[PDB]
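Undergrad: Make the full structure from the sequences, and use the hints.
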Amino acid sequence: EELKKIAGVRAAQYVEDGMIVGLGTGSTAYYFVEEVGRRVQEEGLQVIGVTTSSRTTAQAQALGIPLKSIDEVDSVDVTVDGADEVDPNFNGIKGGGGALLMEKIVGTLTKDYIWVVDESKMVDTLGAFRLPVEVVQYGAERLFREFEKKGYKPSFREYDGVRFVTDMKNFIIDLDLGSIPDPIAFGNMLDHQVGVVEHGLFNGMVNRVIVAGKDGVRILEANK
Amino acid sequence: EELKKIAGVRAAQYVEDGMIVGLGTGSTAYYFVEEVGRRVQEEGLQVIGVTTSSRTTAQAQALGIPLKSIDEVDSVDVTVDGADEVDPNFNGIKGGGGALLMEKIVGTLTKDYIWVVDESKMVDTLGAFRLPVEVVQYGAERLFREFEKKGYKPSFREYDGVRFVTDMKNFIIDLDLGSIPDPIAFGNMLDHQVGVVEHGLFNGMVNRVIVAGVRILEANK
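Residue numbers (PDB author numbering), protein chains in the order written: chain B, 2 to 225; chain A, 2 to 213, 217 to 225.
These aren't lab readings, by the way, just hints derived from the structure by calculation. You can trust all of the hints, since none of them are fake.
Ranges of calculated distance between the beta carbons of each label pair, as one might list FRET restraints:
hint, chain 1, residue 1, chain 2, residue 2, range
1, B, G152, A, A59, 37 to 45 Å
2, A, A186, B, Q42, 48 to 56 Å
3, A, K69, B, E120, 49 to 57 Å
4, B, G152, A, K170, 29 to 37 Å
With a cut-off of at most 27 Å between alpha-carbon atoms, the simulated BS3-like pairs for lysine-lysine come out as follows:
hint, chain 1, residue 1, chain 2, residue 2
5, B, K225, B, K112
6, B, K112, B, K69
7, A, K170, A, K150
8, A, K112, A, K6
9, A, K112, A, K69
10, B, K69, A, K150
11, A, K112, A, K225
12, A, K69, B, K170
13, B, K6, B, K215
14, A, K69, A, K6
15, A, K154, A, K170
16, B, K6, B, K112
17, B, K69, A, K170
18, A, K170, A, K69
19, B, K112, A, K151
20, A, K69, B, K150
21, B, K225, A, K150
22, A, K170, A, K151
23, B, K151, A, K112
24, B, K151, B, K170
25, B, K151, A, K225
26, B, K170, B, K69
27, B, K170, A, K170
28, A, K225, B, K150
29, B, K69, B, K6
30, B, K170, B, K150
31, A, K151, B, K69
32, A, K150, B, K112
33, A, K112, B, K154
34, B, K225, A, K151
35, A, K69, B, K151
36, B, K170, B, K154
37, B, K150, A, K112
Heads up, incomplete: computed chain A residues facing chain B, CB under 7 Å, no partners named:
hint, residue
38, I71
39, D72
40, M103
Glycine included, C-beta positions come from ideal geometry on N, C-alpha and C.
TA: Dropping the structure here:
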């Protein structure tokens, strides 16, 4: 939690006057958003934020960070967001907090895409963290059954017994896959599944990973 | 028109007592739904319908066909739906009426999936009809621009000036591709596009196409 804050704050250093800046979601990106808001008020930093979720929108508006829709910009200069897992090939799993779909839409349109994480998110192979898959409401139960038949071990995302509904009005089914030896293939295969909106594998996307740990902060370059 | 009704009734002959039946839309498929409703009213037929559109839900409720969602049954035995285009390899363009997402969800779950159309929907190559592409609201305009830059001639689906919101709360962008000589590759490419929920290429799905004729064409499948 203190490590999550050092990572989110450090990332705010990559933001400059005149940037369009993607604003991530989740307990680590939250510190980055806070810090961007702090620089906008103390320094007069001139940015325009583009959101990745309704929670982030509310947080940015409270902080006074000016906002525009992804629709209203042609590209995003820098986006900082968290990750549930990051492998050594700079593929990740995202969506633990429910906002994978808008996070992938903004990440795809980002020139310098940065993840912030604590040391515990660096894994040798993706998959111990259940893969979030955003799914159409209509026919989701039939889809869940198909995923059970395939051995993906699904569960609906729910909080306090309430089935989770995303910002774009879908559900999430998490897949207990254990290990994803070829996340490119597996993402591309999930892309052909009718009833799947988006999934949480972010492959070949991130440019820089900022890792805060007990020993200090490491800045890991993907070098595409 | 008389032939379309004969074709829609002929497709209802695949429906038997005790089936779960998908109920679609289309200039010819409308007659198939009327005929199921008549067999329920007049011949004691016992079925459960699963519709692809809220216009068919109203139609079926007027006729007293009992309905359920796709989530409340195990398998759909027979689905009859329309199509905007069907090619000689039994791929098709659907979604001209806006219902592509529920049509594809119901189609995927169907054991005997039938399209019933008239001759003008049979084409040599798909593409003269605009391809519907159902898209996530957030970033839809930027995606429109990307499709424009790729030469796909997009237009947002709108009615009376109002951008169309699909049943699952997305927009549609129709692409004027002209000709889609490899619909499998094109659908694959859309399926990878971040921001696309679904698209109107139904490839390798349909079992049988019934054409006003009346002719019954069997797909490989």
